[PDB]
Amino acid sequence: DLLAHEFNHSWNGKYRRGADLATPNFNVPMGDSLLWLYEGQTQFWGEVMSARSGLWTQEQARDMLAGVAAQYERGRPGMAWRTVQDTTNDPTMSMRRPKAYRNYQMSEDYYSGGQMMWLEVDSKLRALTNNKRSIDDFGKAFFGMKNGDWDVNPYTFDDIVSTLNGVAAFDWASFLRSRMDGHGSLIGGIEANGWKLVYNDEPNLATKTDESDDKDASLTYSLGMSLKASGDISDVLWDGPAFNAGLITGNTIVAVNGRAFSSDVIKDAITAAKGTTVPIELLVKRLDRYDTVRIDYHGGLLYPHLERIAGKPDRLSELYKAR
Amino acid sequence: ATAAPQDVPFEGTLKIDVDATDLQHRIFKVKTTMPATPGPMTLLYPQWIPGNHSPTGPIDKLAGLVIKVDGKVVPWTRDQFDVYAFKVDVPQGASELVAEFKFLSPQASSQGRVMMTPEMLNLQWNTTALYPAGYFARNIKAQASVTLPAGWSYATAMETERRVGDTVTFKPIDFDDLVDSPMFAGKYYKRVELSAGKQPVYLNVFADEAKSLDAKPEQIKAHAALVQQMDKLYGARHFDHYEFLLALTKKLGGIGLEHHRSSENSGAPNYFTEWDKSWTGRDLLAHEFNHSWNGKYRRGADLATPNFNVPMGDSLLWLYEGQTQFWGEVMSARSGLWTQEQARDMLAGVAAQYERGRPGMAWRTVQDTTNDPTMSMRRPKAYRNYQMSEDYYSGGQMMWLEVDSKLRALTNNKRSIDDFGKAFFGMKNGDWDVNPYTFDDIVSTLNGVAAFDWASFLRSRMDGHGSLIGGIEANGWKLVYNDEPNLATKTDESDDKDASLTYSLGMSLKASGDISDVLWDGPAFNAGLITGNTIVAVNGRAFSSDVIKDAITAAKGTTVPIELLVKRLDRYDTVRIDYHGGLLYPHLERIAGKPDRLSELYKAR
Ligand code: NA
Ligand code: NA
Ligand SMILES: [Zn+2]
Ligand SMILES: [Zn+2]
Numbered sequence: 304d305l306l307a308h309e310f311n312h313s314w315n316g317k318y319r320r321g322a323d324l325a326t327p328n329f330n331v332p333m334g335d336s337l338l339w340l341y342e343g344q345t346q347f348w349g350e351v352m353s354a355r356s357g358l359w360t361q362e363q364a365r366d367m368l369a370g371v372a373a374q375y376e377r378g379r380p381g382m383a384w385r386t387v388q389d390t391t392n393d394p395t396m397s398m399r400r401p402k403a404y405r406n407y408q409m410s411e412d413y414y415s416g417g418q419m420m421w422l423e424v425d426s427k428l429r430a431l432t433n434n435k436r437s438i439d440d441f442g443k444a445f446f447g448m449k450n451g452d453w454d455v456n457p458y459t460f461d462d463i464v465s466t467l468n469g470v471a472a473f474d475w476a477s478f479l480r481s482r483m484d485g486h487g488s489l490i491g492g493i494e495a496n497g498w499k500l501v502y503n504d505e506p507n508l509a510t511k512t513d514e515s516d517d518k519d520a521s522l523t524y525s526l527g528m529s530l531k532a533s534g535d536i537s538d539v540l541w542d543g544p545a546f547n548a549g550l551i552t553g554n555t556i557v558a559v560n561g562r563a564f565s566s567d568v569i570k571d572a573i574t575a576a577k578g579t580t581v582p583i584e585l586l587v588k589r590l591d592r593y594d595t596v597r598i599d600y601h602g603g604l605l606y607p608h609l610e611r612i613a614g615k616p617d618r619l620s621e622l623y624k625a626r
Numbered sequence: 022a023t024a025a026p027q028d029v030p031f032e033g034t035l036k037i038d039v040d041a042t043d044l045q046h047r048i049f050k051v052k053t054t055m056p057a058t059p060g061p062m063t064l065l066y067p068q069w070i071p072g073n074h075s076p077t078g079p080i081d082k083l084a085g086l087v088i089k090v091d092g093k094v095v096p097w098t099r100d101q102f103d104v105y106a107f108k109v110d111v112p113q114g115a116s117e118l119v120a121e122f123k124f125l126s127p128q129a130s131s132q133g134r135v136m137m138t139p140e141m142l143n144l145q146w147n148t149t150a151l152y153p154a155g156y157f158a159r160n161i162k163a164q165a166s167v168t169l170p171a172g173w174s175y176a177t178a179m180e181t182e183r184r185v186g187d188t189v190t191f192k193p194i195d196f197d198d199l200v201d202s203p204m205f206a207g208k209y210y211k212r213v214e215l216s217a218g219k220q221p222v223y224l225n226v227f228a229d230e231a232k233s234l235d236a237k238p239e240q241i242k243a244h245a246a247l248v249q250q251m252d253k254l255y256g257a258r259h260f261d262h263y264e265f266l267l268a269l270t271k272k273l274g275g276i277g278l279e280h281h282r283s284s285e286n287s288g289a290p291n292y293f294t295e296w297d298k299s300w301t302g303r304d305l306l307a308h309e310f311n312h313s314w315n316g317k318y319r320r321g322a323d324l325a326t327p328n329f330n331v332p333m334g335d336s337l338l339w340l341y342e343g344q345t346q347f348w349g350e351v352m353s354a355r356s357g358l359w360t361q362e363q364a365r366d367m368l369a370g371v372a373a374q375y376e377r378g379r380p381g382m383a384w385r386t387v388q389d390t391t392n393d394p395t396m397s398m399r400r401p402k403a404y405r406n407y408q409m410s411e412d413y414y415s416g417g418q419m420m421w422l423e424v425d426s427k428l429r430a431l432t433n434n435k436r437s438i439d440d441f442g443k444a445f446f447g448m449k450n451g452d453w454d455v456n457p458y459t460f461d462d463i464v465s466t467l468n469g470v471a472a473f474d475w476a477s478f479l480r481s482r483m484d485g486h487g488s489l490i491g492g493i494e495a496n497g498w499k500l501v502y503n504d505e506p507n508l509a510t511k512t513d514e515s516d517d518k519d520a521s522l523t524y525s526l527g528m529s530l531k532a533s534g535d536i537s538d539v540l541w542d543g544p545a546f547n548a549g550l551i552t553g554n555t556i557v558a559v560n561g562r563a564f565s566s567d568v569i570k571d572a573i574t575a576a577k578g579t580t581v582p583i584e585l586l587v588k589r590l591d592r593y594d595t596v597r598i599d600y601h602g603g604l605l606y607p608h609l610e611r612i613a614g615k616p617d618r619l620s621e622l623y624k625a626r
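Just so you know, the sequences run in chain order A and B. Per PDB author numbering, the first sequence starts with residue 304, numbered consecutively. Per PDB author numbering, the second sequence starts with residue 22, numbered consecutively.
These aren't lab readings, by the way, just hints derived from the structure by calculation. Backbone N, C-alpha and C fix where the C-beta goes; we use that ideal spot for every residue, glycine too. There could be a bad hint or two in this list.
[Claimed, not checked] No more than 27 Å apart at the CA atoms, straight line, and that leaves these computed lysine-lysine pairs for BS3-like:
(1) B/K518 x A/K588
(2) B/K208 x B/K232
(3) A/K588 x B/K531
(4) B/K253 x B/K449
(5) B/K588 x A/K570
(6) B/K298 x B/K211
(7) B/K577 x B/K518
(8) B/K242 x B/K570
(9) A/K588 x A/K435
(10) B/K89 x B/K162
(11) B/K449 x B/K162
(12) B/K192 x B/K89
(13) B/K588 x A/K531
(14) B/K237 x B/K253
(15) A/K588 x B/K208
(16) B/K192 x B/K36
(17) A/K518 x B/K588
(18) B/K50 x B/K192
(19) B/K298 x B/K449
(20) B/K162 x B/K36
(21) B/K511 x A/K588
[Said to hold, decoys possible] Okay, the calculated beta carbon distance ranges per label pair:
(22) A/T595 x B/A84: 51 to 57 Å
(23) B/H46 x A/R562: 24 to 30 Å
(24) A/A563 x B/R611: 22 to 28 Å
(25) A/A563 x B/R399: 18 to 24 Å
(26) A/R562 x B/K531: 44 to 50 Å
(27) B/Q101 x A/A563: 27 to 33 Å
(28) B/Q132 x A/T595: 52 to 58 Å
[Stated by the list, open to error] Here are a few chain B residues that sit away from chain A, every Cβ distance over 10 Å (derived from the structure):
(29) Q27
(30) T77
(31) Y593
All chains should be modelled from the sequences, with the hints used to inform the complete structure.
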């Protein structure tokens, strides 16, 4: 999706840019307040255009989308105190330097969190117009002027609202602020467009590809952590089971129920603990000390997928379909 | 299935020509030439090698064998019931047989000890020889030659006839003495005189790097003192000259092999340059030198076989190796190769090995361990402490210490084991032909020093299951254990940060935590631990030698078991060891009331 993503920026980001971002030279500070359009909708179009162009299969794009939806339904506990709007300050705050909890500190969520909101914007435009308008109409109206022009054409927040209102009348200012300044769910566009985010033990296509050769283990929605093949913990979900055992990134899972760690071993132990009352025993190395923790997790392996809601119209497939 | 060797004359000379230039492949190319007698002929590759007491002949490393009679190839047939025997048919009217082959020396330690390096090589003529069946080996006149890597020096007890370029031709010699006359060769060589006179002794040092050859005067003196101290003991030398062969190396395979007029010895590159760190192995040259008397000159009758392809009887190895192990350590102290404190702590370690480190003594005798060379071939065994392993060495050493103490008690300290050595090995100065003995000869010579039922004494120790360390207390000392480290153990575990815990937790460990040895019926054994398991943590803390030792001390006198996190194959478990005795290392302490005969024994004469 990279080339689709970067290409879309020629319209969204380069040609049209937030007025506080379009600075007069390279040595005055940049205002990032509208990055949830610049990068957020480009993240959205990058994945949609990957499916429309055939760079991704339709199944690949849908599993990609399921991972994003799960990230904000369960993988971002930092939503409770921080808004997506505040993450537009992350480039200057963090400069992508290592942080302990991307899931709790949050990290440039104007990308994927913005993508979810633009998916909901598409679903709302369809609902307001009986599917006669969609986010495609916003794209043409907001970026389709002045063919050949590649000088910056700045915009403000009110311009976004006005263009959205021109596609379909609605209090878009309140809608945008409620998602971007709020702490609530961002994934409403999934169900509105006819699908549902579910979790089961079948691996997500994206996660499966990203953990095949290295034999890593992404267990975000089960044990609340990710591990390298060595057993080194690479990420811990805030308030998750691994977190509640005091585990941090850099600790090592040495053994699972007494058996030397492997990705298959810890996954099999999670499956074996599903529905039982026998805790999973993890032998842990913390710096130069070893201890055993008992984790009472019995939900089994949980990987995100999208499933159809049979009665509802399938607007999502229309959105991801080639034009 | 090979006809017995006969004490009949062998007509002619067996010529053995070796090309030792292929250092890269580590190949010795060989040409053996002999008179060809018409009719069936059987050629033998040496199988039982003197000094190894076992069939160590590397038959599967003999390759490329082609046999020609007067230039014509003759097919050979190996005896399927004697794989060291090659049979050919020699036509009528033939004159000369030539066998050509290659000895493919070890390319890694897994094939045996390495014999060739870019800087040095070790030529053992039994690996590069074929000889006719049916003859006593001593009746076969032989003449050897070797082509060396360009410009290399060499050393051997065998007299040189001529060196032409890099081809050294040696003077004719009996075939059994040829096998007994190994050669070291290398580019970094130093020859040091240890004793002048009519039966001179020299030390030949080869090294990986020339800097290792810088032996200091006081260090050479200790080696010269070894020769003088052996003169005091035996009063005779069983050689016309003696050539120590010493390789200071990390590349050549380790070796300690005795011969009549030489010995093959290996040491670390810091044998001289770090004299204070390399002391634990310095009894080697004293050990091998003593064998020139005890083992080479005098040998058990069942061990002195007529050729290299009939089995050897090892029944009397507790004199061959046992008393040599004894004199090796005693002479190290007498000569100054070891300090008296180092020799005393070495002896304490041996005594503890048989007081507490050999539970296998409950079922097996030291006499039975004389079969270990052929049973085990020094291959890995799980419990050297319970299966036992060649205890005719150190167990024999303790008996000879008790023999010494008994000789003193019987004679009011006027006689000691020194008198046995002179009486049993000191005859016929200059003779280096084998002078065999039997068990009755040992008893008779001991009885000549001091009358006693030595037959019962020897049999009760070597066929018994009781204590072997009685000579310690009889000679005025007592074996004790405390938390003070043994000098040998400390030196042999330092730098690597290893951990010898035989007398506390009953196990030894590498710095990694891998268990390297487990004492039968000890605390680690009783937790189900075996060699190859890994101690991962101690009381929850990542393993180190210091960590486990501090935990042993912390567990002393308490009832809180030591918690060891253990890796067994792919499984982790925690064991609790209820050991509360603390760290225990063996030492010798004086018995105030008794005379100190031990210091007399270890004192220079
Ligand atoms: Na421009
Ligand atoms: Na001889
Ligand atoms: Zn971008
Ligand atoms: Zn020996």
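Hints versus structure:
| no. | hint | verdict |
| --- | --- | --- |
| 1 | B/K518 x A/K588 | holds, 22 Å |
| 2 | B/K208 x B/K232 | holds, 12 Å |
| 3 | A/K588 x B/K531 | holds, 21 Å |
| 4 | B/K253 x B/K449 | holds, 16 Å |
| 5 | B/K588 x A/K570 | holds, 21 Å |
| 6 | B/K298 x B/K211 | holds, 22 Å |
| 7 | B/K577 x B/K518 | holds, 22 Å |
| 8 | B/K242 x B/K570 | violated, 40 Å |
| 9 | A/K588 x A/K435 | violated, 58 Å |
| 10 | B/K89 x B/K162 | holds, 21 Å |
| 11 | B/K449 x B/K162 | holds, 24 Å |
| 12 | B/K192 x B/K89 | holds, 25 Å |
| 13 | B/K588 x A/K531 | holds, 21 Å |
| 14 | B/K237 x B/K253 | holds, 25 Å |
| 15 | A/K588 x B/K208 | violated, 51 Å |
| 16 | B/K192 x B/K36 | holds, 11 Å |
| 17 | A/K518 x B/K588 | holds, 23 Å |
| 18 | B/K50 x B/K192 | holds, 20 Å |
| 19 | B/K298 x B/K449 | violated, 40 Å |
| 20 | B/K162 x B/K36 | holds, 9 Å |
| 21 | B/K511 x A/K588 | violated, 31 Å |
| 22 | A/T595 x B/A84: 51 to 57 Å | holds, 56 Å |
| 23 | B/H46 x A/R562: 24 to 30 Å | violated, 45 Å |
| 24 | A/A563 x B/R611: 22 to 28 Å | violated, 53 Å |
| 25 | A/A563 x B/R399: 18 to 24 Å | violated, 33 Å |
| 26 | A/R562 x B/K531: 44 to 50 Å | violated, 24 Å |
| 27 | B/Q101 x A/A563: 27 to 33 Å | violated, 47 Å |
| 28 | B/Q132 x A/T595: 52 to 58 Å | violated, 44 Å |
| 29 | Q27 | holds, 64 Å |
| 30 | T77 | holds, 40 Å |
| 31 | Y593 | violated, 4 Å |
Checked against the numbered hints given earlier, the structure breaks hints 8, 9, 15, 19, 21, 23, 24, 25, 26, 27, 28 and 31 and satisfies all the rest.
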